[PDB]
Amino acid sequence: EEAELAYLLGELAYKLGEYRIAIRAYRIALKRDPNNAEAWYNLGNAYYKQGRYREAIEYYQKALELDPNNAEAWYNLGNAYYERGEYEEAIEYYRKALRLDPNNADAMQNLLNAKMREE
Amino acid sequence: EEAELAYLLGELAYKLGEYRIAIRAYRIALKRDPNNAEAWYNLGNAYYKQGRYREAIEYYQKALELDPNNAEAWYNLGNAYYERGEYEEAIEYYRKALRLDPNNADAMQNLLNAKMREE
Amino acid sequence: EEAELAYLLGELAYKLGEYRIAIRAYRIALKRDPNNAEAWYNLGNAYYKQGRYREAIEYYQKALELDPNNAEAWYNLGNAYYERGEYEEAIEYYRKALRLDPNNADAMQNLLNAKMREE
Amino acid sequence: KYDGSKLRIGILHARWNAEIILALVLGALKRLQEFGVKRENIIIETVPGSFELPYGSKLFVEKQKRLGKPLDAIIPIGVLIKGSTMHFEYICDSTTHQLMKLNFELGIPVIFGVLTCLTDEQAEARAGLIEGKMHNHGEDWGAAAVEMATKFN
Amino acid sequence: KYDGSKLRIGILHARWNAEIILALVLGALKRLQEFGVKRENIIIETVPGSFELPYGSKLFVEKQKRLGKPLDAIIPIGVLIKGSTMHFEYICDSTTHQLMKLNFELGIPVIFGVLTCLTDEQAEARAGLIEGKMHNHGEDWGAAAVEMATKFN
Amino acid sequence: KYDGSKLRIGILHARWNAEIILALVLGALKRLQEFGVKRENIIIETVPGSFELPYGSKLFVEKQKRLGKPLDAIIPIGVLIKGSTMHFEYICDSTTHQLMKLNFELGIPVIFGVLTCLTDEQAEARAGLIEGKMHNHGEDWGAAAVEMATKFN
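Residue numbers (PDB author numbering), protein chains in the order written: chain B, 1 to 119; chain B', 1 to 119; chain B'', 1 to 119; chain A, 1 to 153; chain A', 1 to 153; chain A'', 1 to 153. A prime marks a further copy of an entry chain.
Hint data in this document are derived by calculation from the structure and do not stem from the laboratory.
Any given hint might turn out to be false.
To be verified - Okay, the calculated beta carbon distance ranges per label pair:
| hint | chain 1 | residue 1 | chain 2 | residue 2 | range |
| --- | --- | --- | --- | --- | --- |
| 1 | B'' | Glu65 | B | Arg20 | 25 to 35 Å |
| 2 | A | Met134 | A' | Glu105 | 35 to 45 Å |
| 3 | B' | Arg84 | B | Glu1 | 28 to 38 Å |
| 4 | A | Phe104 | B'' | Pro68 | 44 to 54 Å |
| 5 | B | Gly17 | B' | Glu65 | 36 to 46 Å |
| 6 | B' | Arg20 | B | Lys62 | 23 to 33 Å |
Think of the CB as a built atom: it goes at the ideal place given N, C-alpha and C, for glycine as much as any other residue.
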């Protein structure tokens, strides 16, 4: 209902690169329907895009609780942790993403370099 | 009310070339207000744009029931039928469009070539 | 609530340059929440952009009643008056904008030239 | 007495203390036009303040020259009011020296359109912003630019 | 309004009165970056104090130029506070004259990033070091450098 | 931080107010040597006083250059103490301007080794001649010469 319109509005804003709207529209949509994991992941992506990596994590973690098989999100979550310098957390999130999706070649190379840096 | 916002949202999505949203937003808006012929025509245009010509027809036909004087739609409907190879149906839809709007020069030439192909 | 979605929708339309939507979405949002001065200013900006300077004034004036410290709006209002040839009204609106915001260099030069023309 | 219709006169002015300055800038423009200076030949541009004007005026002239509109005369305009610091005394002085040097360096008259006041009432009176005191000096600056730019030719 | 992403702006600053200066130096840098100036294009170096800056700034520019990184604008920064001697008055003056001369001698705008205060509270307020007084003037210097360096091109 | 062993630094100094000056001259020399400046590369010569130093320093440099020992930096040293006449104010000013001009005219840093004090106690403290007040500023002048002469290369 209202959430769908709010998700469609935020979605359009995400596609267009406008995160102030993408964030508010999804928060509204989520208040109306809190179980939309995709929207929670996307919400995390908006914060992520803004450099708000801790916020991105909060939303990515919520989204994973709702649906933990989202390998892309596991990767994106690890990336938010890497941006914060949290290499140990971040490497586990990338490794989980690769285990869920073995074809994530980019995760392979990025987790490999991250591991070198993790120490 | 909600339909207006849903029509404005879909409309923006149509203009921006995003049909997943344009379609969902109009379907929502139409559930709230089923008599909006313009939205039904546009809904047909979204499906049409996606290559979903049979779906486009369904919505164009509904829209024509609501307002059958829309010459452009008569044309667009004939086009969906031509894409499906339905030349006989399609030629009538283009001819009706031209009768409603004699200045549709493009319909004249396209129905003329279509007639050659119809047999 | 609905107003927020309507404001987010109009806002996206303003950013994208589509005023038919920006105007309808804000009018809807304002019907739901009439005290949003920013939306009233923006509504005026949509009309302003369309060359509808008298309408722009109506909305700018409403917005100023709600929040008269908006120097940019005072300027924009004066501009709508200048476009209508209303130099005396317009010069006061630019001067007020400059008094509220002394750093509005553009208002300084534009009110200065406008004053020359005012007579 | 003088005909300014053939002259390009520029005004470069401070943004700060705008109430006084705008009265001064217009005062000069009105008179320049009374001497026949075409409004399109009066170039008005701004800088933040008084530190910019002493050299900003050269940069201004160089740009106008490159654009094919070299000035015949210039009136940098701005207002210095003494505060609690000594920036007033040092700016007043170096500004004056730059503006005097620029009378030869730019090849054109440079009019000291800068005020060196201790109070606001004094600067305001000099701009004719106060009905009961002084006159708008901007008018004299305007007239002077026309005379200096024609008198010595 | 202005885009500083293509500009090289240098800051040469005094070591003495660092608390005030560091606030001023950062104020300018933050704004320069807000105008798009890349952090790598902001060159920050120091000298002991105010006697060095009036010429130190030329030597600074010459080095940056030799290195292939000539500046588009410079803001020497420092703080003079009147003491019991008259070094303040003579430095304030000669510094100002050197900095004004350097607006032409270096080919670039030279921003007077030097304070000429009688007290510490005044210099501290000018740096925005005092929450309740003035603002960080360094920000204006930063903005001015961007405008002066682009405005007249 | 800096290595002055390759630099020729000259000191030209006033004879008048010798007690203060000799402390200042040595202060600078000791530090120059601490930075590695060889004692033979420190050239110390005198003139009567403060009127001679503002140009005397150029004449000094020209001679050292002709002799095959051009200086990399110079610190003219002298002491002005305000008396009953205004010679102090006019010397302080013109001296400062000459010394600033000479930073470019001589091709080398010129350090303002001149005091502009109102009392003797102030000049004496600046030389570190008073155990309980200030420090020997000559030391800073020495260090500055080394840095200015190396920093910008």
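Verification of the hints:
About 26 Å separates the C-beta atoms of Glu65/B'' and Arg20/B, a value consistent with the hinted range of 25 to 35 Å. Evaluation of the 35 to 45 Å hint for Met134/A and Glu105/A' yields a pass: the beta carbon distance comes to about 38 Å. Checked against the hint of 28 to 38 Å, the C-beta distance between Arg84/B' and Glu1/B comes to roughly 35 Å, which is consistent with it. Separation of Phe104/A from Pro68/B'' is about 51 Å and conforms to the stated range, judged on CB atoms against 44 to 54 Å.
Hint check: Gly17/B to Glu65/B', Cβ distance near 40 Å, so the stated range 36 to 46 Å holds. A hinted range of 23 to 33 Å holds for the C-beta pair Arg20/B' and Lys62/B, which are about 24 Å apart.
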